[PDB]
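A.B. asks: Read off the chains here:
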Amino acid sequence: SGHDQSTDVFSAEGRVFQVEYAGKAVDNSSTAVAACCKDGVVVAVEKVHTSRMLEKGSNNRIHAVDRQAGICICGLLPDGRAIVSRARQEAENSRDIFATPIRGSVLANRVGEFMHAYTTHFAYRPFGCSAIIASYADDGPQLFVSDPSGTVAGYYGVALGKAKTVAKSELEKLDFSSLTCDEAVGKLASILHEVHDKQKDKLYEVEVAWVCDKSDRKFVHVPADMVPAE
Amino acid sequence: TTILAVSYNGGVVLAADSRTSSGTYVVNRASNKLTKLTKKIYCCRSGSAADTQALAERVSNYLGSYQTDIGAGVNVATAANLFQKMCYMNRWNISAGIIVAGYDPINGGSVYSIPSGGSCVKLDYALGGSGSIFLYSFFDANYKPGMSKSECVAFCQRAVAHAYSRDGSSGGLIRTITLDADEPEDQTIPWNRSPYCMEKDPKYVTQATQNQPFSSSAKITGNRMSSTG
Ligand SMILES: *[B]([O])([O])[C]([C][C]([C])[C])[N]C(=O)[C]([C]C1=[C][C]=[C][C]=[C]1)[N]C(=O)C1=[C]N=[C][C]=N1
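These protein sequences, in sequence, are chains G and h. Sequential numbering of the first sequence, starting at 6, is according to the authors' numbering. Sequential numbering of the second sequence, starting at 55, is according to the authors' numbering.
Read the hints as simulated data drawn from the structure, not as lab findings. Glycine is no exception: its CB is placed at the ideal position from the N, C-alpha and C atoms. One or more hints might be untrue.
Computed, partial: chain G to chain h, Cβ under 10 Å [as the list claims (entries may be wrong)]:
(1) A69
(2) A74
(3) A104
(4) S110
(5) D143
(6) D221
Calculated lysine-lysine pairs in the DSSO-like style (CA-CA distance at most 27 Å, straight line) [unchecked claim]:
(7) G:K223 / h:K273
(8) G:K43 / h:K90
(9) G:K219 / h:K93
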């Protein structure tokens, strides 16, 4: 009825549907995965190209927020670019005012309050996006996920997207304590080529990015020849 | 300008830098601020380079005309009352800080400090010039009275060198002379053989870490000296 038309309406049992309807925009989106590898964090996503003529590098869902942190989004691409352009502004404030790099748990708590502030007012709609904050600050390697409700949580590994239930069981076979960033790019990319089917889309490729001690604590994308072929 | 005069048992040790500077530019880097009045009485010379030069050669002509008419030696207290008379009746028109120090057989070594106000004070050691404000806490800690002639020379050369290291007005050479019962011995040590300089002071070797590299942590790791690393 009229109990699911905006954000400032609790249900008869205390639920907000426009937040929960925004969570179905992430569950119908492409598959995301991540891993914390005891000296860094590796994040991989699958770009579903809708045409053969797209340039390699188009629609990259991984964006660098600071030198040590970067947010990969899962859900709607243009809604997540408002989250990226906000968390960059949160990370520029700590460098310019407090003369310090932003911590991993503090950048994620600023993302979860920007995403929550658009779920409490009638004129605004929640994001169709789950943001994955991968950071390496002076509190070690961090891996956070902010859902459209504004809930942040530290993870060791995460699967998000359509086949987030099959890819979650594929993460339970990894270690995360002896796991390094050297092997996990080959492992996490091999999750995506097994969890995802080619009988719906013909064009699908993977985009991996890390931040670890080997890359001098810098959030970078891959050199193109480290990813497995298929 | 940093001028000073220190008394020992025999006589006095005059010490001064060598730089006249028009505000911010070094007009002369080999000035001589130790002015001869008589053979054993000199004066240090700070402030206006013209107003103190005209006083120093007006006193030195009254003082040599006095010595001929007397037929004996001039006391230092005589020469210090000719600067006080002139620096007081011209005190609104000149800028003159004078330190008069010398030797006479009656009183030994005498030091008179005549400031810009025109007063006269007889001292054991005197300080003067714009660089003298660095040397009060240096003489409160490092100066012990009753040194020899060879120790007062190496002290006053070490005293001026700490003064023109911090002062911008002062610098150049270090001109010293001793006035006692022997012949007046002068000595001019250069800048590159000065007893102190901050450029070779081993605690100012490490640069202050201002230009931090763009990094992931708050750990300060020194300046950035190259574009790559
Ligand atoms: B010393 O720096 O005070 C020096 C003493 C002088 C008697 C030999 N004076 C000067 O260097 C002055 C400038 C000054 C600096 C600081 C306080 C008072 C005066 N120099 C000159 O007067 C000068 C400037 N241009 C040309 C010639 N003389």
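A.B. asks: Hints the structure violates: just list their numbers, smallest first.
C.D. replies: 1, 4, 8, 9
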